[PDB]
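Protein chains: 2
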Amino acid sequence: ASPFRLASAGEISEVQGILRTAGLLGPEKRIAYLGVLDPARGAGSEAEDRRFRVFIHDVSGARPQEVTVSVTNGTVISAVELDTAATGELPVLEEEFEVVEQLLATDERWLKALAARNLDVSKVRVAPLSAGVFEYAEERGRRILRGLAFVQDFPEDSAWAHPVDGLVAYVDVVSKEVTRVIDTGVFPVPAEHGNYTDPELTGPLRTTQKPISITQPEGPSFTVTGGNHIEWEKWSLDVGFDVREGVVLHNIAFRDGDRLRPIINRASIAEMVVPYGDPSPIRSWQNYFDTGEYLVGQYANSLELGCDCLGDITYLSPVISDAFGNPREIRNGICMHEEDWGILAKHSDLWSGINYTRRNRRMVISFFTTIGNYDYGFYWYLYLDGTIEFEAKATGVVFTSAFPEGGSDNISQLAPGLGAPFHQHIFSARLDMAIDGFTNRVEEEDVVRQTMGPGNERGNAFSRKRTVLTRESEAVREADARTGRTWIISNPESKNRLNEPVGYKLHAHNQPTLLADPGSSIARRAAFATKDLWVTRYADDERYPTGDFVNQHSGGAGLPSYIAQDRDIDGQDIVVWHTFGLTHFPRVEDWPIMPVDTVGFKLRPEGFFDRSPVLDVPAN
Amino acid sequence: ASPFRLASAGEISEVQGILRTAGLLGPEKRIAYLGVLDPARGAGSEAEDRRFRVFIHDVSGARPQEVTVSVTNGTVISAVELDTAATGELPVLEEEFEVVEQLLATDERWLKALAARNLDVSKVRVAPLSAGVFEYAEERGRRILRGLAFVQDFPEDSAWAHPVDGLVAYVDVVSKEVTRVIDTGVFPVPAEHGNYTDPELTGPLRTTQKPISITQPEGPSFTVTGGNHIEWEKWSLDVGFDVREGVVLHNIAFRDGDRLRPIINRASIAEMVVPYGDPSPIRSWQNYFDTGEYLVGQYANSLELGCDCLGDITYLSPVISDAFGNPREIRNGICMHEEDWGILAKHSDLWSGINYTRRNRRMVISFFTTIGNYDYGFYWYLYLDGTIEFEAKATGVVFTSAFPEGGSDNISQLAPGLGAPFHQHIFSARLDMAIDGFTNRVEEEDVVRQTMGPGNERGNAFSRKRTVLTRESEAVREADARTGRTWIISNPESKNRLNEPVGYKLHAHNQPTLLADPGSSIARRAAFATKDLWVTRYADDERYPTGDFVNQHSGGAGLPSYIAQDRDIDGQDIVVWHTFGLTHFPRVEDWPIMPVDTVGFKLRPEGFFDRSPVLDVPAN
Ligand SMILES: O=CCc1ccccc1
Ligand SMILES: O=CCc1ccccc1
Ligand SMILES: [Cu+2]
Ligand SMILES: [Cu+2]
Ligand code: NA
Ligand code: NA
Ligand code: NA
Ligand code: NA
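In order, the protein sequences belong to chains A and A'. A prime marks a further copy of an entry chain. For the first sequence, the deposited numbering begins at 9 and goes up steadily by one. For the second sequence, the deposited numbering begins at 9 and goes up steadily by one.
Keep in mind that a hint or two might mislead.
One copy or two, either will do: identical chains are not told apart, so a pair holds if it fits within one copy or between any two.
[Stated by the list, open to error] Dumping the calculated DSS-like pairs for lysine-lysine here, alpha-carbon to alpha-carbon at most 30 Å:
{"no.": "1", "residue 1": "401", "residue 2": "513"}
{"no.": "2", "residue 1": "401", "residue 2": "473"}
{"no.": "3", "residue 1": "242", "residue 2": "218"}
{"no.": "4", "residue 1": "539", "residue 2": "473"}
{"no.": "5", "residue 1": "218", "residue 2": "610"}
{"no.": "6", "residue 1": "513", "residue 2": "539"}
{"no.": "7", "residue 1": "473", "residue 2": "513"}
{"no.": "8", "residue 1": "242", "residue 2": "401"}
{"no.": "9", "residue 1": "513", "residue 2": "242"}
{"no.": "10", "residue 1": "513", "residue 2": "610"}
{"no.": "11", "residue 1": "218", "residue 2": "401"}
{"no.": "12", "residue 1": "610", "residue 2": "539"}
{"no.": "13", "residue 1": "242", "residue 2": "503"}
{"no.": "14", "residue 1": "610", "residue 2": "401"}
Source of the hints: derived by calculation from the structure; they are not laboratory data.
Construct the complete structure from the given sequences, taking the supplied hints into account.
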């Protein structure tokens with residue numbers, strides 16, 4: 009009955025039938041994106057209308073369309089033809105992954121380049137990489153992918169160990185033409201393999217690890233109702249899944265006494281980008297938006313009990329659409345479980361004689377996605393004490409190149425002749441805030457140092473200052489770790505028992521933001537990534553920091569265009585967009601498969617409660 | 009047989025007898041510190057000599073002494089009388105905790121102040137606080153404690169809820185004189201209780217938490233030999249315990265093939281300080297060095313199975329000396345266990361078809377200490393992939409004051425009339441480095457942004473730069489989160505298979521350092537805390553960043569004096585001192601007992617291995 013329930017197979021089948029009957033899903037059509045729309049502001053009418061948004065690609069060259077469908081009423085609500093030179097191309101299709109390699113295999117320029125390197129075309133894999141927007145006028149309005157080649161010595165070989173440097177091709181995947189083949193010179197193909205399951209490389213496996221058994225003999229402490237509604241240790245929320253964003257959290261609230269208090273209306277990772285810092289023309293165009301260009305939700309892994317998720321695991325299996333509108337289940341795509349988290353609070357008092365210890369725990373909601381060489385785990389954590397935390401876990405295989413004789417300022421050496429270009433992994437979290445309701449504001453909090461002198465005669469005092477962000481034009485903020493800068497989201501109309509506004513404090517990791525020159529293509533297309541914090545006024549259609557159609561969009565879409573409206577954000581319905589990321593100079597230890605590295609953020613209550621919210625936790 | 013073994017009860021008894029027979033431990037003497045000395049550089053002689061360092065206090069006013077004893081030979085090696093006006097007072101004794109309250113209870117000025125507030129002297133607890141060095145000439149060379157008062161309504165009451173503001177006293181604990189009583193005015197004593205086990209405050213305890221069972225049916229994967237030598241998943245180390253520093257890690261090494269490779273010779277938390285930022289004369293002198301002034305090891309908790317440490321736990325019970333030289337066991341003072349740590353590495357490859365997942369784990373070595381209102385957990389973690397991490401967990405009860413009518417810029421309000429002054433918790437980690445041996449150097453690594461132009465025509469390139477620190481005078485460094493600054497400890501004479509020097513990278517949390525004015529007393533006494541990173545040349549007697557005798561030392565001891573020697577540190581036996589800390593503006597949620605907050609640092613291999621060191625981890 010909940011409007012936030014997961015999409016069902018029956019809903020997707022109905023969408024398929026509605027589109028087909030309306031003449032919008034002929035043989036030349038492909039669904040590039042399909043997702044349920046959230047209820048509009050003011051769902052207190054019980055008049056449920058399950059609407060779906062669809063992007064429809066046409067493989068024959070016709071204009072793509074954006075379509076909204078009501079499954080509740082069985083109708084097409086709107087259908088708009090898209091001018092992609094203007095508003096951007098549609099996301100990459102899974103079925104285009106193979107097309108780049110296949111088109112290149114019959115191109116005489118490509119075959120000539122492989123012949124000079126004595127490479128068998130049957131052994132050459134081509135990565136299907138998004139194109140961006142650069143100097144090539146013929147690409148405007150065309151659906152382009154760029155290809156970089158890797159050799160597989162045999163079908164089970166890791167091709168990433170054998171990059172073919174000095175060679176790149178550009179392909180129009182609709183007209184099926186190779187537009188350019190660029191060969192800047194022959195590099196030796198690195199010869200060592202990177203097969204991390206080969207006994208010759210691993211050596212004998214360890215026999216020293218003894219098992220760790222994690223069980224819950226009375227079952228878990230959380231309940232799941234309505235398919236995706238979670239209740240756990242005073243938390244309440246709905247777990248959504250979208251093919252673009254992946255796991256989405258709705259209606260995060262905390263039961264404080266007899267009151268259900270909202271905190272976050274919607275939380276998601278709304279974009280991520282991996283810009284490369286190698287100036288070689290073979291790779292200097294390389295920036296992929298895994299979320300906006302490739303759709304991370306459609307590549308979610310099926311997670312194995314005991315290997316991927318350990319303990320008493322509750323799975324969700326979300327349903328998505330394939331390219332033809334058929335429902336497809338991602339079996340065991342989302343893991344949910346609680347974890348012990350050490351000491352929560354402890355004190356032994358010298359005067360009262362009372363010894364007190366309590367243990368902490370967290371609820372974990374996670375999925376894992378794989379897009380080419382990279383694999384990411386997305387983890388949301390809820391803690392007993394009101395803390396909310398996000399963590400991204402990056403692993404997989406680093407993207408490789410040749411390592412030039414004589415070295416490089418922009419590439420790390422991993423093995424003889426094998427390089428890994430410098431790059432970043434930058435995420436955008438979109439937090440549609442609802443601290444005790446929708447009237448919220450953001451304050452920037454800095455530590456204040458004080459000079460020794462009158463009123464501070466011993467020079468020990470220090471303080472803090474809070475600056476309210478009142479309009480969108482002043483709500484683009486940078487980190488300052490040295491001044492301990494944080495941001496507080498508060499509700500000026502909801503006070504705690506001390507008559508102070510209730511709030512939550514955002515703690516960033518203060519990692520570097522986008523390093524590219526501000527005049528670069530990527531700085532214009534990923535403008536969100538140049539600043540740590542943005543605050544906008546809520547609007548239905550302002551969903552992604554990069555805009556709706558990221559692929560081959562010329563720039564400036566999304567957050568820079570939204571904030572130009574300069575709307576009032578002082579005690580209003582607001583959205584916080586937090587940029588955070590890893591800067592990766594690859595190390596030898598990252599090869600041939602990378603141990604996990606992590607980045608994230610957290611939010612902690614700041615006078616939201618009238619005292620510690622975990623006084624009623626029992627003594628185990 | 010190992011020279012790094014824990015002190016035994018028999019060793020401490022022998023020290024007691026040696027001191028007694030030498031005439032150094034009469035009835036007026038108290039042992040303020042006793043600890044084993046590490047072997048000198050060049051222990052490859054097998055000529056073991058277990059030596060102990062002792063600080064001896066005299067309650068009758070005689071000069072204290074520093075004494076070194078050889079238990080192996082049964083002799084006093086050296087005994088030096090200390091001039092405490094020059095070199096500092098000895099650490100606070102546990103038996104002095106009671107003396108401040110007892111002396112004040114018979115002082116007419118103190119009783120007059122309590123009478124005006126209608127407080128029963130029998131209900132008034134006095135915190136025994138270290139004095140520092142300020143404007144009071146009569147304190148030089150005298151052993152002073154300062155007292156702040158708190159009311160206990162009944163024996164099991166939390167006195168921290170009832171601070172008596174506006175009142176402070178100074179006491180000479182040797183002459184047993186109250187030197188000053190300062191009363192700046194009457195503040196209401198906050199009336200609400202803070203009893204976190206009272207059902208009226210907790211409400212009904214939760215019944216919703218279901219058990220989490222963590223067991224190891226085949227036992228743990230680590231072995232303990234010789235009492236304190238650990239071997240775990242290619243790691244090797246010795247777990248030490250010192251009454252001042254607490255848990256100390258010796259001889260951290262990693263078994264890489266058939267080679268045992270050193271990484272860290274000695275790791276410890278060598279000082280910690282809590283400076284307060286309230287300019288009221290009642291508290292503006294308040295800065296306690298829990299390690300250097302109070303000795304955190306002697307207040308280690310006995311840790312309970314299932315509550316403090318959960319899983320298959322191996323305990324160590326270190327032995328320390330009491331004030332009379334009797335051995336005292338801290339039963340179950342150190343917990344050791346391994347923990348599952350999620351995904352280690354994962355990839356599903358689109359071209360090879362191979363799906364690969366491995367799980368991570370960490371070895372945990374921890375203890376918990378309690379000094380007055382504060383409780384801290386110290387955690388050392390070793391990971392499968394070569395990462396070493398330290399984490400401090402801060403909990404307990406915040407130090408309180410009145411909350412002034414009309415507010416404060418330096419105090420948070422926690423309850424009606426109840427304040428908590430702003431403060432920091434700042435730690436110093438001393439890392440006696442031994443990356444593949446003792447010839448090490450430190451490089452500072454910054455991200456380098458590049459301008460769009462020739463050789464970077466698309467404005468995407470970025471790089472890194474490394475600066476070698478060659479002499480101690482240039483080895484005092486600050487964090488720079490915006491440039492991604494890290495520090496690499498490498499061995500220039502030990503190369504990996506790519507002919508690059510092996511190394512480890514230190515990742516800081518980049519939290520603010522000491523906020524006090526640089527002309528303040530605390531800035532001079534805690535100079536280490538003003539900078540994020542110091543590198544010194546190893547020397548036997550350079551043990552603590554604050555010097556040997558921190559209590560009432562006038563300033564400049566420790567690191568500022570060491571680095572003035574300007575020694576060569578480029579490929580030498582070096583020590584890294586890392587400052588890290590929390591800046592605490594207390595929140596309502598911290599009251600009446602604070603949920604854990606954390607801070608720390610980690611070190612990750614940086615070309616130390618020839619490839620990922622966890623290829624031989626099996627598939628669970
Ligand atoms: O992560 C998206 C870029 C990509 C896609 C497919 C193969 C390699 C790299
Ligand atoms: O943490 C050392 C300062 C202290 C000691 C005893 C009681 C309260 C505070
Ligand atoms: Cu990376
Ligand atoms: Cu604190
Ligand atoms: Na355009
Ligand atoms: Na909002
Ligand atoms: Na002095
Ligand atoms: Na060293």
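Hints that the structure is at odds with (numbers, increasing): none
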